[PDB]
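Only one chain is included here, represented as structure tokens and corresponding to the form deposited without the ligand.
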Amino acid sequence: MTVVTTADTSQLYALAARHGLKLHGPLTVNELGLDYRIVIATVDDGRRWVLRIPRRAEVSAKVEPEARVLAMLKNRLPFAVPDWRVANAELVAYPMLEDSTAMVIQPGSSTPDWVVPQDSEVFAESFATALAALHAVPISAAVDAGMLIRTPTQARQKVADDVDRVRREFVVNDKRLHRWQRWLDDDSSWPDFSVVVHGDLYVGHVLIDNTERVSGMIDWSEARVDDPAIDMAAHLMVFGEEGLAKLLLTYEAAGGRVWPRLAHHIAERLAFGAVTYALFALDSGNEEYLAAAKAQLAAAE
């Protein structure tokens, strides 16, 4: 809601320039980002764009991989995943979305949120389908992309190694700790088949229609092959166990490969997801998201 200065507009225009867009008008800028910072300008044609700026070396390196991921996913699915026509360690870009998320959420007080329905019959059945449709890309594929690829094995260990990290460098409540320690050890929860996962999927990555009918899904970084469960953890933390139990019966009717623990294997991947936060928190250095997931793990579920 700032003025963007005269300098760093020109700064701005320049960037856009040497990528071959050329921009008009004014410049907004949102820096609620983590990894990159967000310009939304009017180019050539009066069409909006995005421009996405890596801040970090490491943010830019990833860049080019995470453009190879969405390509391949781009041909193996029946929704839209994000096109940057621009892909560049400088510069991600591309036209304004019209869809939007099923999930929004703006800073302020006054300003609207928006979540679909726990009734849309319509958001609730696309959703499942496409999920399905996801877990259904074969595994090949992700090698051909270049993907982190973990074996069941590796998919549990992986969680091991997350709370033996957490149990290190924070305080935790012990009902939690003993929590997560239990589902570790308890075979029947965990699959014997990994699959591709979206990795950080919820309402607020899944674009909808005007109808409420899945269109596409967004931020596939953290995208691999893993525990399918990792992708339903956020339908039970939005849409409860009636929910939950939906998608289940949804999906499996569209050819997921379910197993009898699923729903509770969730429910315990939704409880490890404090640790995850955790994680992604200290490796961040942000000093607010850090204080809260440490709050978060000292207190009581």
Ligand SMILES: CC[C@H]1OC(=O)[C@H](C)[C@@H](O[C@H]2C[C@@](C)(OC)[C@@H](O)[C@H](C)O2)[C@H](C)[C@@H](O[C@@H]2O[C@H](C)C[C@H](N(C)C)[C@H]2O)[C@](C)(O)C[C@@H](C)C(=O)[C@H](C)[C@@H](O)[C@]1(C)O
Second form
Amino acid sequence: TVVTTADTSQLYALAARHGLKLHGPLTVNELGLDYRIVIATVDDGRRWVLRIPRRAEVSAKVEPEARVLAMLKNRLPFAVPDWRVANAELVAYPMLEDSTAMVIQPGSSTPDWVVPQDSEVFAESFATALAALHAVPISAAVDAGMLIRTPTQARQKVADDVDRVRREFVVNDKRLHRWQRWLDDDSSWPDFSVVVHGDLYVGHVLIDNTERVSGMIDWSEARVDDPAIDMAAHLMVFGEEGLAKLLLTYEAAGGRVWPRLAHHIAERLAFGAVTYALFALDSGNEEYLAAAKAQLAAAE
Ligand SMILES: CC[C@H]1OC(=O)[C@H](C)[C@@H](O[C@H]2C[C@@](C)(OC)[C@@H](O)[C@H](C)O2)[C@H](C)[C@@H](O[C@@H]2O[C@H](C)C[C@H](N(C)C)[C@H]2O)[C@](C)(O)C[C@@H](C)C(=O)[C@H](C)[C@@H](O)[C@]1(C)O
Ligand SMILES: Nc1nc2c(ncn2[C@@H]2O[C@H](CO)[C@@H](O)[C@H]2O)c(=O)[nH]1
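Output block for the form deposited with the ligand bound, input the form deposited without the ligand:
In what comes next, the whole complex appears, and the chain from above leads the way.
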């Protein structure tokens, strides 16, 4: 006998309760704070992703996300997870076998690989894919019960997040002033909202062998909100040059822009410190909290 991390008997029983018969290789990621993620082979010869909520508060999020994905399926020219099982104890979908646009070993802080800066096919297809997502009608989001933020509500959410961090943490004065100046800078903020992915970066984008965007995964943060939310990570990973190329093609593909969009994206990226700190706080994880506190106290 050999000790293995996966509990095959419990996983089999769980899947079988939802009409899936596990048979063959599987792999387990337990590093998620909210879900256990298993990639398992099923008797259809196919690999499936089992997204297993850990606790009642996580399970509560399954039904609304399922409605989002069901709405998005026909309205995007790329693949999203097809949640053929979606309930409080299990989400399961056939694996989208195309690679993520970055590869990282679980637990590692350094990727093995990220789609290259000079991949024009990736850059271009990510820009058009993003324009397509942001073109999903608001009416479809409303009909699917999505979280909707008007421009005023979008700005209020950012203000609320900043204020929550200010209450719970001690923040570098210049950082605080940056965020406040941003919140007060009317010209930075868009006069419309769009359907956003909400957690979009190379690790949640799938690409085919040619590096063309073919899918997006991990839609739990999707909502109607500020478009720049989905562009901050592109600026981090690909720099100002990558951002410039993105904005030209996004606009050419029909994406709605505004004159200070590039500036706003950079402020959104800086606001990632707030997002991280609140994630750390809500996680209860002391290592994440240690990192957040150190970042917040530090000068940018
Ligand atoms: C390049 C490759 C690296 O990716 C990033 O830099 C991108 C660009 C971050 O997004 C950036 C940009 C942005 C906008 O998110 C896309 C911003 O919100 C976050 C804070 O930082 C990611 C993804 C962050 O995750 C996000 O952290 C959120 C607190 C919660 C969110 N999710 C579970 C809800 C989650 O995905 C976060 C913190 O870096 C993940 C930890 C694990 C890492 O340190 C890992 C190792 C990363 O360094 C990375 C994978 O190697
Ligand atoms: N290539 C691929 N990776 C996935 C899929 N679903 C989940 N993942 C991986 O598992 C993580 C948690 O959902 C993701 O961030 C990816 O690394 C999928 O359908 N295709």
